[PDB]
Every structure is written in structure tokens, then in C-alpha cells.
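Engineer: Below are the chains, spelled out letter by letter.
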Amino acid sequence: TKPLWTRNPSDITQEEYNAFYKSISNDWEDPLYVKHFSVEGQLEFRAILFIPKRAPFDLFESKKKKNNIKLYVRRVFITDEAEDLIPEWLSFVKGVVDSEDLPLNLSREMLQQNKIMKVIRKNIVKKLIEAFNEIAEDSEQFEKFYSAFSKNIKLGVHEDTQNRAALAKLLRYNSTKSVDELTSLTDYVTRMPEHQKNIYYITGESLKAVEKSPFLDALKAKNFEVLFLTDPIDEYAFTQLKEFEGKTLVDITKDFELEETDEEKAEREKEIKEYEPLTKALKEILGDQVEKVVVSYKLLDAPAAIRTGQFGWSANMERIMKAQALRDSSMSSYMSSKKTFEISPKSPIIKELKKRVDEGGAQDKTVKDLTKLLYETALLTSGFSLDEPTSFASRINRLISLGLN
Amino acid sequence: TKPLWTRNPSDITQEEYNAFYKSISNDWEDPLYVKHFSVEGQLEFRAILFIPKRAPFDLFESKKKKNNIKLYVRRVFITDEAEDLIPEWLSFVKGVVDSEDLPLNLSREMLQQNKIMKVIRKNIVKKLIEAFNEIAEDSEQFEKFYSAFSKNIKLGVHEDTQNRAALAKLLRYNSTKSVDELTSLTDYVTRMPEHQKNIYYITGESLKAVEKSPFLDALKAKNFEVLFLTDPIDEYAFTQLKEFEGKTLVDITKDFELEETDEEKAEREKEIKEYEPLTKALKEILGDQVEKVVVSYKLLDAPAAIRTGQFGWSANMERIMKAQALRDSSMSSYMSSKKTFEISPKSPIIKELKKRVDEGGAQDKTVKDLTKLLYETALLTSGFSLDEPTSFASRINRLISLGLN
Amino acid sequence: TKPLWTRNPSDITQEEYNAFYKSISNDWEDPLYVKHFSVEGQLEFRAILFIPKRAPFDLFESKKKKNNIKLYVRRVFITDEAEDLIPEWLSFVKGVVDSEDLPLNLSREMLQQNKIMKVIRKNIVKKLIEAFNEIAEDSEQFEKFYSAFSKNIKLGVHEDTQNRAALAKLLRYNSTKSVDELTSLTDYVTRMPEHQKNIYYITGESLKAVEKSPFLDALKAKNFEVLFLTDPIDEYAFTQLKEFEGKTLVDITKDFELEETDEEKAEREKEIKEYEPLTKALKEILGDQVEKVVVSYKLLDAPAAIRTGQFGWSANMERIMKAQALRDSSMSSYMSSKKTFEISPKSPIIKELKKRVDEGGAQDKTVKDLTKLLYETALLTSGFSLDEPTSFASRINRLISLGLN
Amino acid sequence: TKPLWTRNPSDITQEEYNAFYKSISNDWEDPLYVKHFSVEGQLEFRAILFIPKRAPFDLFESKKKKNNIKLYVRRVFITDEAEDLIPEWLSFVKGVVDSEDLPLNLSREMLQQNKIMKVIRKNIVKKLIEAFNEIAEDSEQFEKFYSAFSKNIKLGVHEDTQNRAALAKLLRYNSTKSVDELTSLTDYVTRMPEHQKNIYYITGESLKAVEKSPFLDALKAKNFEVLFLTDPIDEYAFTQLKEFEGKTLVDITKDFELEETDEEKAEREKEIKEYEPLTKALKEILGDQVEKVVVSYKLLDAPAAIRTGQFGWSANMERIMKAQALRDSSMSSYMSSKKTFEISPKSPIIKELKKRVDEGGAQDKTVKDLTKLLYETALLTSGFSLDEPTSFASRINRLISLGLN
Amino acid sequence: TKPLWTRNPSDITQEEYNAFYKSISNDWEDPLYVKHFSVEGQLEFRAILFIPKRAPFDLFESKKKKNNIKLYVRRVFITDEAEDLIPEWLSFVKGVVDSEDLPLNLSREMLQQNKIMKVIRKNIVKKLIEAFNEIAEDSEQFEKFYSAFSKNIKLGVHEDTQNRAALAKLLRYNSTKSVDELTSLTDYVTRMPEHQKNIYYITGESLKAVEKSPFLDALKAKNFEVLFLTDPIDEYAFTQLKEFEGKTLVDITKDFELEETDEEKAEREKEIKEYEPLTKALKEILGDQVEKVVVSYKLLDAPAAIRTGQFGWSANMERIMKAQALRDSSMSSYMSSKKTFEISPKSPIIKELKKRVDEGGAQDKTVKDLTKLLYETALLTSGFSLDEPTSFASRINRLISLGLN
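Residue numbers (the deposited numbering), protein chains in the order written: chain A, 273 to 677; chain D, 273 to 677; chain B, 273 to 677; chain B', 273 to 677; chain D', 273 to 677. A prime marks a further copy of an entry chain.
Possibly wrong hints are sitting among the right ones.
Any copy, or any two copies together, can satisfy a pair, since identical chains are not distinguished.
Straight-line alpha carbon distances no greater than 20 Å define the calculated PhoX-like cross-link-like pairs of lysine-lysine that follow [unchecked claim]:
1. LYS274 - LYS423
2. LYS570 - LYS537
3. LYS294 - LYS338
4. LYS416 - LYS274
5. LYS423 - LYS610
6. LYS294 - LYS274
7. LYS394 - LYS342
8. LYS484 - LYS423
9. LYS294 - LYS342
Rather than coming from a laboratory, the hints here were simulated on the basis of the structure.
Only chain A is shown next, with the shape it has when bound in the complex:
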């Protein structure tokens, strides 16, 4: 009679694992995948870890319990409340780990024991990634795995600094080039033309919301795929990954793409300069509400828009840090990010404002009102809340009337 985890995997039937899983898990369903391995070498252990079909609870929300993998040493049960055997992003994992080297009844002063635990843990994580990569091979199997554990995967990417890279490969999203189905980063990279330099994503409330972005039009025309990231960790993960091959970037932020077809690269400076005295003029109005006014070719068929600085929390994030101050009835402190007001010369509305400026109209109540209004609108369009009812109400009424009487 010998404990299941000491036996050889090729020599345990399913059913055995199934019952073992059941007895440890309170899951009525069989386990999605069973990873049963042994390490040898410097340190030695055996383990049977199980991947459930469905999340037994979820990280964030869903209360928060410690992992309950059965830690054994030298085949003797020690605890199922192991201190640092596995990271929070894998708390859903179930099973047994039987160490040969963990010391028993040693003062907590002896840190050799933590180090040993720390390399047992590191191994588990390796082996589990190896398992996910194996599940990935089966489309149906992975469908459920991802559907249940995406957020763990994402947190893994945020948290783990070694395995960050490999875990990325298990991420999956909708995109412009994958509307129904979910696409991989590796796939996204395949669809990249020879001259695309970066991987483009967009962050926002939901899929529905994120496609209406005015920011898309430009990349689309260029034929670049844009990924959709509608969950908050999505950002924390991405901003921490930094890159996959090319750098990964939100296009709701300070972008900078290509020779704008090298021809356009040429005539742009010619134009950008013509607009300079507008640039300065608009900034004189907006004052501090903005960091700077600029001309954008990354903006199609829309007068203006707002891009938060790169290296600073996205519009989508502000939206959340800020909806809070408007609930917490004490706070009004802001850690936020800098705003860049973009102007599209292609939009006749802009062409027109240039005209009035190139005609001494640098401080017309009319040109002031238009600017201001265009700005507030940008905030809306670019998914921001604006600045106060009054001001904005007023601005609009004064311009309906011109379109009426």
C-alpha cells in the first residue's frame, strides 16, 4: 500500500486521480487536467496538482482563502495551510506536495527552510506553466481553462518577473482582426506586416464601448490590428510586460506611428509648422487644463481629441480613480496624468479656426468659446468626465441659437 503521489503517473489510472481529486476538492466534477510530476537533484519532491474545470472561487471578489494544497514531508502530513508554497495567482490549484528536504521543528530563525520552500514553489510554478502550455494544445480544453483562469494568468504576468514572458503567451483577447473569437499575442504578431513596429491595444469599459473609439480609425486605415482590453488587470499586466517583441502600446495614449507613409512624413512638418500659431493660441485659452496642444495625423474625421501622456495611467484608469472621489465624501486628492489636446487639420472645423487666428482673431469670445467647447467635447469623446455643468450648459445654448434664429 503506497501513497498515490509516490507511484509512477504512467501506472496510476484516471479514476484514481479522479477520486483523489474529489476527496480533496469538494468539486462534483472531474478535474480539467492533472499534472503529476517529481523533481530530483539539488532538492527532491513529488506532487500531484489539479486544474479544475471551473474556478472554485475567484481572486478579487469571491472572499479570499489560503491555498489548501496538502504539504507533506518525507510522506508525513504536515499542513494544508503551507506558508508560501504557491503564489496567490495560483491559489485555485489543488493537490499534494511531498518534500524530502523540508526540516521539521526548526526555529523560524532558521531561514534555510524558507529558501527550500522558495525553490519548491518556483518549481511548482514552472511545472504548472508547462501544464497550461499543454492545455493550450487542445482548443476545447483550453477554452474552459481560459474562461476560468484568465485573470489568474493576467495577475501571473503582473506579478511574476521570470515567467512573465511565458505567461504572456497564454493571454487571449478580442481584436479588430478577431471580432468574435479570441486571438493570441503570438497570433497577433503573425498578422503583423513587415513594417509594423509595435503591438497596439486599447483599454476601456467594455467591448461595445471600445470599438466606438475615434482612436481606431487611424490604425485601421494603416491596417494594423488593435487588441481590446476591457479589464483593469489587462492594463496592469500590459504596462508591466512592456513588450512581446515590439513594445505594446495603448493608442489612447501618446502614440507615434511610422513614417506616416514617408511621403506624409515629408509634408507633415510643412503643415505642422503652418499650424504653430494656432497651437500656441489654443493653448493660451486652455491654460493649465492642458499640458499641450498638438497637431495629429493619428486622428481622422474628428476635430480634436485628448491623449493622456504615455508613462502615466490611462484615461480608463482616471475614469476609475476619479469616479471614487465622487463617492468618497472627503477625498478629492489626485494621483492622475497629463492631458494632450490633439487637433486634426483634415477637419474643416480646424481649418476654420486657423483662418480666424491668421486674421488677428487670437482672442475672439467666439474663438474662445469654440476652443473651450471643442475641448470639453474631446473629454467626452475621449472617455473622460468634463468640468462642471454650468460652464458647459451655457456654451451650448449660445450655439443652438445660432443654428436656429
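Got chain A sorted already, so can you dock chains D, B, B' and D' onto it with the hints?
Structural biologist: Here is chains D, B, B' and D' on its own, set in the frame of chain A:
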């Protein structure tokens, strides 16, 4: 020798209570007030309850522990985890209760015990309100009690159906007529002119936000005080109290006030009827985004506005239930309320829309666009988030050009 | 490949529910009944609740754990320690509830969430009663359901004010007219002749004890069914139900029935008045031990008896509140109850005492001793403990002593 | 600048101990007594234990927490949930123990450590009794110590087999010869005449009840002091102590005293034998309700009485085991105890029954009824509940009924 | 319907138990043995206890939870955290006990309840040993039971004073005559020759270590079996059992065996006396590091050795209590034992030291050094750590040179 609480209050010094409080409380500070009483009659007990100067923790936020008043029976310590000895809205209270009648070691089947427990509690609560009424006598003393316990007071008003009425008297708020200082309901009531019928209030994010309400202008003109309630319970409480003498009402909801000068009462129907075919027309455009379009005289110098139905959670509340789904991606949906789109005939913008309708222009892209836009604006003005960037952006740009082009 | 509770009941097999139950329950046995339903409308949720064959534990006695139904929102596990999702009397219920509307991470200040909880609960209860009503259809199924959950049923009647009425229907008792088998209230109501006005029960220790009640004889003669209630909740439930069509009443309390075919109604006052000077006389002896001495026709072939006042806790309840003080070396009395000493003119023993009174023997040591003794006896007979050994011992030896020499 | 307990007691002031106590205790009051000692030798430790003025909680009742003495080793805090450092009956004790010898981080397999614990404990107990013995010196101090810790004292006697003997000394009771004031065992032993062989106690509900015992009269006449024990542990303790010099015995049980100045010793057998055919006769009636009928001279001026067998739980205990079954709608009997029905030949009532028996009246319905009734009465008198209402009611009415007509 | 444990064992199938076990245990495997019995008589209960195939956790190590046997009274679940229903040495046992006599809702003052609890437990234990005795019948079955529970068996022998004797019979060990296989005490006993008087054992680190003991040679030569006990409890158990037929004894302690050939018995005193002045001399050098120097015939072909006193913890135990202080820096000190320094006259090295002493060389630096060194070596040989590097190093280097220089 004899336990402090058995002794006669007039015959225990301060310093004794003070050390008693300190030993039971982990408060470094002395207690704000000590209510030490004894009930006799049907049932008997003595108690000493303390009121802290500062909340030892807060309900909502601030974790959530069980009350720890030391329950004694016949001078024998039983527990400081009493089952229903005091309501959650008073969890902050501290001290000892010593019952003479509570039975020991009775099956939980014997409900007599709960009933006894229930009449001990009802009494505590009585005595405590008695205590707060006493503190109310001292301006400085109350200042701190209120400052710490206002929310308990409000939850009390929401929860307690008997003492609801009395607890109200302890509430305090800023108002139109009390800008810096807090005013009492009873006070507000004094401030009523003979013909005021109701007590006006307003729900909103903060004071700053709530004064910019366009809904104030009307009451101001009539001279009626409006109360400011910037906290969620403020509402759950008021909607539960229902009235203090007159009925209490948010003016962000379907109001109905005062004769309007009975003269105006007269010419109004004449006008309202004139507008009927506009009313229907605008509703035909808005479809289901609104419940109904109406003409308001409760709206001054502003084209349009939005009022949620009375008997439904305020705009201010939606703002909050809605901002949540926009943090939760297992969501998409909110407790909206019924929206009433209000039209001011005094605003020329409206006079004009009637003109175009009284001229077959019932389905002009121009009249459609203006309506739609006036509506979206109302949401902003009336403290709502709108419906989607796109639509809104578009509408404005066209207003700009076509009102300038 | 989708959580069991989101699937359609008609399309889940048994065996699936069975294993689901087993994984959630630690019951080695299958479930008694599985109610799997969905609510739509105002709010939305699906659930699968299970009814065990046998109480997993009992309320009262058997420790006391919080319910462990798995609360989900939007298909995401939140907790199995739900705040107020199900009432105590149903704590034995097991399974899953998946709300669509419950908000996550909202301040506890937001009471909307409790309200939503409150309606989710109310529904569960509805559906649950629904299920019992369905189990009620099967005799053998119900037998076990009742045998296990009767006390829950009873507490529910006591507790729930809405469903009280329907829950009654599920109660079941022995009665005078149902000696072996259990009868329903609805049944009892059938067996009621046209002129029976109330529903009659009796409260006492056990069945064996409760049949020997002298109080039955009068109802029997009248051919009125009496129910037997030998459990304490039985009472708390009854006294809370108040009625079923007619008022429900203990006949160990202040009754008042009929008119004795009305003939007896006539001659009674004639007789009652004859006994008046006895009445007053016996009361002069008993003093305060009694509230009043009266003549009863509700008492057959027994000299005297004792009825607690109606609107006051039954003899059976006192027996319990009082057996406690006699374990607490600290309690002196409690509530007790007002006692009414009943005299039967048909018993020769009484006829005789009248004789001695109608002969100046108002204060005979002999007449005193007989009264006192008759009284103590009534306490025994009417299921009470008496007053002190001494006094009673003495009385008997003498009424043996004079009874011979 | 060194931990208080390592310092020399003669060199710590009060005020220091007081604050130390207060920091460790949450008692607003100072300690009653502080025992601060050190052991050296085989093993070594220092301690400061405190005795409260008033029970911080009570054993039995009052929940039940583990002791929270601060266990230190080598001046390093280890825990305040010590494994077996102090016995339950002392759980109220507060302070610090600092062992020099307890091993840290040793497998639980190493029982040496428990042994060391075991002797540390045994010592504490020694020193503690030492302290009580010291409090015993001060009347007022002891008054409060006893008033608070009597039950601990009693449990200790029950529990501790070594210190049982000394702990007795600290007990205190009312007695026949000490009516107001409390007397010690050692005192009682003084008041014992040369020929008194045993120490006599009685067990019952309260003082008031226990004095009306018919069992006292015999000891009184003999001029033997009887102690009053009105608490249940009193018994468990006594029956466990067994003796103090002479054997300690309940006189509600099978006694056997003296020789009645020996004269009575002579004429008794002559009489006992005369009654033999009555003896057998009454037993033929009572059947199994009794173990045996006997003639007692330990019973004055009362016809009959009931003594439970010695070596069996007292009447007082039954009263309790039995009041339980009568709350548990499930219990049938328990242990009970063998009953001995005692007859007093000095009571004319008995003399008479002999007469009817010595006249063929061995099976008279009249003689049956008297026996039975005398018996039931004995149960009441001797502090028992009887057998069924009916039977008893009936018996009385007739023995009223024939007692007149 | 009826709870499994109420049913008759001969009438419940396997599979029922098996599923019952599984539902209560979280063991994936079936139970090793199921003991299902019922007690009647004085007290009554039924039980089903299970024996696992493998330890569900281990005592010592392996955290430490309370036993979770489901306690029922009168077929009503009370708790699975029973107060003293089973001893710690059996905490691994699982199942249900259903008492008929345990009282519910009794003050904790009523110790009757503990007593009942105590006789339920005593019975369980009986039955369980009965079960182990049964398993003992099956070689393969026992193999696994022993393998899992040996330590419980041993703690049992240590703790349980009644069943001590029987539990012994279940112990198993390797020995000199059983090298691979485990042997029983009863077996060992068979292996005794007529004249063997005791049962020999040896305590040490492991088997490997314990066979290299120089203490074996003597017994081997005589042909006596020595048992190997490589676990700490092995000792705490044996020292508590004291004997099985003959007394049991570690031969690492003060032995005393067999006639030695009664011839040798004769010439020994003659010799021992010759050595007396050496004996004293060597002790004069060693001072307090030893208790006494003696001459041994229980020592073959080795100059000297060390035996701890009998009635004191073995060398093997010191090794352990000492290795701890050498991990603990709040220490310095250990439970040493008394050491006896043994001299073999057959070793020429000794013969020589006598020569130098019988020649005034009682205090030669040379004879001092040799003694000292022989001693330190004995500590090593006899499985002890020595006294300090320095001293020892030095001694050797001087031996090298001066034995070579």
C-alpha cells in the same frame, strides 16, 4: 464590595466610571457621556452604557465587529457576544447590562428567552435616545457626538420603526438658509412661511456639487429652504421617515408646489395645452430613453432638464449604482430610474422648437438633432452621465459648423 | 460545459444533481428533493436548493452554524457565508444561488444591496414552501421530511409573518379524533361541526401526559376535536398564528365555549349564584396564591382544577421557566401567570364544602385544610409543581389521621 | 530596566504590580492579592500570578475561555495560550510564568516537555493554595475571595487528588450549629463530641428548603452538627473527598449512626421485629417503585420518608437529572437511584396501619390507598417529583371523600 | 428510513459503510476496518468508528486538530467537536457515536455529564483495541495499520494505564534475532532461554547507529535477543510499561545480568577488589564529569565505556535534548543524566593503567592525560558528544608525538 453597576449613579464618582470605561474600551480618552440606569417592573436590569467622544470604528467601511457590551445575569458574567442585545446602528456603545430574568442553560427552543432579550434591547434603545436628547442640550458636547455618530443616527431612522420619529429630531444638515452652520429639522420648520406645505431637500454628491443644481433656483425665488443631503443614508432615511410635519421631498424628483401665484395656476393650462403637440413630438424622438416629456414652470432660464420620478432612487443614487457597473465587467446594467424630460417655455430655444413643429417640422433631421442634443445636455446639467461618446461628439461638431459654416 | 445551475432542469439528469449535492454537503445519502428554479423580472436569479432526507444538524441543540449556500453573482463565486440570504428556520438548506443584480464592492452604506438581498431571500422562501407543498403530495417522502423538519416548519410559522398561513398547512399533529395518525389543520377544520367556533388544542409534556388532562372531558362530551401539542415551539407558533379560520386556543387556559345546547346556559346562572358564597369563601383562604375562584362546567368528574389566564404563558411554559430557577441557585420567580381555581359542582366533594359554608363553617380548620389540599392537588393534576414539602406532607397525614382515628 | 517578574518582590512596590495587573487583565479594579514567587532546584521559574477581587467570568455558565497567563521561556515571550500550564479550576488566574527549562521547537513526540510543564503546573497550584491560605488569614479579604471563587475551590477539591485535602480547609458552609455565619470543616470537627463518628451534611435546593428536612430532627436530638450544601459541586466534591477525619455523609442517604445511648439499641430489635409483617405488607403494595420498606428511628414525627441508597446519586441529583428528561422530549429514565421507604413507629398513623395488618387487613383497598398515598407524599416531603397526576389526584379526593361522607 | 448506525451490522453491506466513511472523511480510499458496535446496560450507545488505511495526519508534527467524530444524543446531532469523547492517541479515528444518556442543556456544573462522557470513552477505547486485535489477525491488514499507527499505539501504552498491558501486545520492532522483519514482544519472549530473566532493548538514533553499539557484544555472546528502539516514545513507552513478563531494560543503562557463569561470579569480586585503587584514582581525575568509575564484565575488547544510570533518560535521549540547546542561544544547559565510567580489565590498556597506579603513579600528567582521553573517547564510542574542542585536540596531538616523537 459591590459591582459598580449595582451601585446608585448619584453615589459613584466620575473617575470610577472613567476607569471602568477605560478598562472595557481601549479608548485612551474619557467617555463623552455615561448613561447608567435601572429598569424595574415586568422585567429588571441595570446598565451602564458609554458614549465615546469619537467613533471607535465606523459602520460601513471600517470592517464590522459584534458589539461587546458585557452581558450579566444575576450578577454573573455570561458573555460579551450577546445575541441581539443591541441594534447594529448602536454597535459603538460600550458597557454592561445585568439582567435579573434571563434564563441560563435553556434549550434554544425556548423562545421566551429571545423575547426577554428583545425587551431588554428595546429599553436600552429608549434610554440611549434619552441620552442623546440630553447631549443635544449641550452645544459643544453634541457637536462631537454628531460629528461621530451622525450616520448611526441616520441608520437608526431608517431601521427603527418606533423611534424613527424621535431620532429625526437629532438629525442636522446644511441648507440654503444655513450655508456654514448645520440646522435642525425642527429649525427648518420654524423657517417655513405659513403657506409652505412641504419640506424641501436635495440629494447629490457633495455640497459643492449640490448647490449648482438648476433645481434650486425655483425654490429660492419662492423663498423656500432647501436642505442638502450629500450622503447615501440621508436618502434611505428620508424616504423612510416620509415626513416630519409636511411630507419631505427631493426636488430632483417629481415635485408639485404652491399655487405658483394662483394667477399662474390659471394661465398655465392655457399654455401647457399649447405645447401639447410639441410634448408628443419630442417624446416621439426620445422614444424609450424617457418616460415622458413635460412642460415645467419649476424650471427657470434653462431650456430643458431631467427629473427622476418620485418614489424612486435619486439621480444622485443612480450616479452611484451606475459608476459601479463601470468598474465591474460582470455587469453592463444598472438600477436606472424613470426619467422625466422637462421643457421651459420661457426659454426662447423652446419657443423656437414649438415654431418648427407648428410648421410640419415634426420630423426634421434638424429638429431631431436639436431635441436629441438638448436631452443629452439635460443629463449633464441634471447630474447624469450621458449615452455614448460617438453620438454626442457627432451632434456637437455638426452644431458648430452648421451654426458657423 | 456550463455551470449546472445555469442549465435547464428538464435537461439535467438525476445523478448530476446527486453528485452536485454530495460535493456540497458531506451527506453520504442522496438528497430528499431538489428544487431548481429561476426567477426573472424585476430581479433575476437561478438556484438549486436541496432538501436532505435527514437533518444535517438541528436548530436548538446541535450547536448552530451559518448557512452555507454558495452565493454567486453573475456566475462568479462570492461567498458561502451569505449575509441574510436565507432565514434561520431554513438553515438546513443546501445549494447555490446565482444573482444577476447584486452589486460587488459597494460601501456597506449602500442599502440598495441589502434590499436586493432581501427580495432574493423572500423568493427562496416562496419557492421552498412550494417545494414542501410538493413533498406533501407524497406520503412516504413527506414522512421523512416531516420527521426531520417539523421544528423548522414550526419556527417558520412563528417567525415568518407572510408565509405563516401556508406553513401552518404543513404542520401535523395527533388529536382526540386522530390518535395514531397525524392530522392537518385543514383536516381538523373539516371535522368541525357547524357550530364549533374555535380550534382547540392542548399543550403538555408528552402525548401520554396530555391525554389524562381533566380539561379534555368537556370538549369530548361536546364532540370537539382537541389537538395535542407536546413541543414548546408548538406553543410559540400557535400563539403567533393566532388563528386558522376560527381562533386557535389552549384549553388549559381561560376558555369560553358555546352554550351547552343553551338549556344549560339557562340553569347555570341559577347554580353559579348559589355557589357565590362558597366562591368568596375559598378565595379568602387561598388569598394571593390565586387570582380568583370560579365554578366550571368545563370540568367533569374532578373536584377542582387550575387554568392559567388566557393571554399568558401556559402551564406547560411555567413548568419550564420554573424548572430553571430550580437549577439556577439565584432565581426567585419569573413571569409565572395568573391562576384561576376552578370548582365542579357535580363533584360531591364540592357539594359538601358548600354545605359546611352554608352552615357558618366559613373558617373551619377542617374547611381550610380541605380547600388548601384541594388546591395543591389541582396544581399536581393541572401539571404544576406545588408549594413546599412540609405544608403538603402535613395536610395529608392529618387527612389520613382524622381520616381514621 | 529588567522585566518585573525577574525582580525581587520585596523590591517591587504596589502600583507597579497594580499597573502590571491592569495591563494584562482589563479589570478596572486593583488585584485582590498578588503572589510573586520563584522556584529553584530541579527546575526553575519565577511567576507573578494575580487573584482578582471578583470573578472575571465564571466556570460553568459564562462561556469558557482558555487561561491567558503569559508563558515565557528564558525571558522570551512564547504564548498566552499555554498547553496545560494551569488547571481549569484556576482558569481565573492572571499573570506571567517564565520557565528556564522548557525546550523550544522540539517535536511534540518529545514528552520530556510535557513532563516539565506538568511540574511547573503542580508548583503553581501549590503556591496558589499557599496564597489562598494567606488570604484566609484576613476576614474581609477572604470574604471577597470566597464570594468569588468558592466554586473553583469546590471543583479543585473534586478534581485535584493531592491538594484535595488542603482545599477542603478553605471550604465554608452554613450548618445547624452555624446558621448565619459560615463554618469550616476544621471547625465542625472541633464541635464534634467524643463519640460522633462521621461528618454529616445534607444536600438540597437552597438553605430555606434544606432546613425543613425531616432527616435533621434525628441528628439534632443526637446533638450532631449538620452542614448545609445547596450547590451541586458541593456534592461532587464531597463524594470525592470521601472524608476529612471521619467519613463525610449525606443524611438523605443510607446512614447508620451510633447506638442511641445503647438502651434504644436494645429495644429496637424487639420493635423492628414486631413491624416485620407490616414491612413485608407495604412492600407487596409498592412493588418495584421501591427497593425496600424499613423502620427508622432516624425519622421523628413524620409517618414515612424516602432515603436513596448510599453509594448512589442523591435525591438532589435525581431532581436535576430528571428535570432534564422533562425538557428533552426524548428521554425515558437515566440512572435514578434505589429508593428506601422509611416507616416511623412513633407516628400514630403507622401504629394504625400495623393494627389493620395484624387484623387480616393485608390487602384492604383502604390500606392499599393509604400506603400508596403515604408513599407519594414521602416523595414530595423527601424532595422528589411524584408519579403522575391522575393516580395522585384521585387518591386525595377519596381520602377527602371518605374523609367526610 | 433509519440512520445507518442504528441498523444491525450484519445487515448493512460494505459500500454503505464505505460511502458513509467517504462522506465523513475526505479520504479517497476505502476504510481499512470498520468497527460498528453497540453498548447496552448501565449506559447505552451505538457507534461506527473507522480505521483509515493511512494516517490522515500524524500526532507530533502534522499540526494538531481536534477529533471530529460526530457526537449524537438520542439520534440528534450535537457536535463533532466532542469534549473528551476519545483520547489524543486515537485522534485519527472517525465516525459516529450516538448516546442515549448524555443530558442536553445542563449547566457545566453538573459533572454527571462528564462522568457519562468518561464511560462512553472508556468503552470506545475497549472496542477499538478489540478491533486492532482483530486486524492483528491479518498479516497484510496489520502491516498497514502498524505502518500508519504504530506511534499512536506507543503513545497509548505511555498514556493509558488500564490498557497499557494489552496495547503492548500490538507493538512490533526489529531486533538482533529479527534483522529485516519486525518481531512481537510475545515472540521475543518465546525466543528467551529458560535462564534469561529480562527482556533486553536499546535506544538510539536509528537502526544503522544502534547496531554499532559496543553494548550489544555482551548479550550476543550470551545469546540474548536485543530489541531496537529508534524512536523517542519507544522509550517513554517502555519506561512506563516497566515489564512484559521479565522487566524490560535498555542495556545502555545500568544493567545486571545472569550468573556470568557462576564461576565468574566467584573470581570477579577477587578481581574487582584488585582494581579498587584504580577505580578511586580515575574518579579523582574525572571529578564531577562522572558519577562513578566501575569495572565491567559487560564490556568486551574495549578499554572503557559509558552507561547512563538506569531510571534516567538514555544516552539516545540526551543526544536529542542536547542537540537542541545547541540550536537555542537562550539556553547553554541540558538534561544530562548520571554517567557511569566503565573499565574493562581484559583490555591491556587498563591492565597497564593499574600498573602505573600500583606504582605511585596516581597523579602522573601521563596517567591523567590517558584517563582524560579514554573518557572523552568513551563518550564518542558510547554515542555522546564530548567536552570542547581545545582540550580534546590538544590531548591527541600530544599522544601522536609522544607516541612517535
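Engineer: Now tell me if each hint is right for this structure.
Structural biologist: Consistency of the hints with the structure:
no.: 1; hint: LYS274 - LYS423; result: between (37 Å within a copy, 18 Å between copies)
no.: 2; hint: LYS570 - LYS537; result: within (12 Å within a copy, 58 Å between copies)
no.: 3; hint: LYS294 - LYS338; result: within (19 Å within a copy, 23 Å between copies)
no.: 4; hint: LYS416 - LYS274; result: between (33 Å within a copy, 9 Å between copies)
no.: 5; hint: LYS423 - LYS610; result: neither (28 Å within a copy, 36 Å between copies)
no.: 6; hint: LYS294 - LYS274; result: both (19 Å within a copy, 19 Å between copies)
no.: 7; hint: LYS394 - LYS342; result: within (17 Å within a copy, 33 Å between copies)
no.: 8; hint: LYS484 - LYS423; result: neither (25 Å within a copy, 42 Å between copies)
no.: 9; hint: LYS294 - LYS342; result: both (14 Å within a copy, 18 Å between copies)
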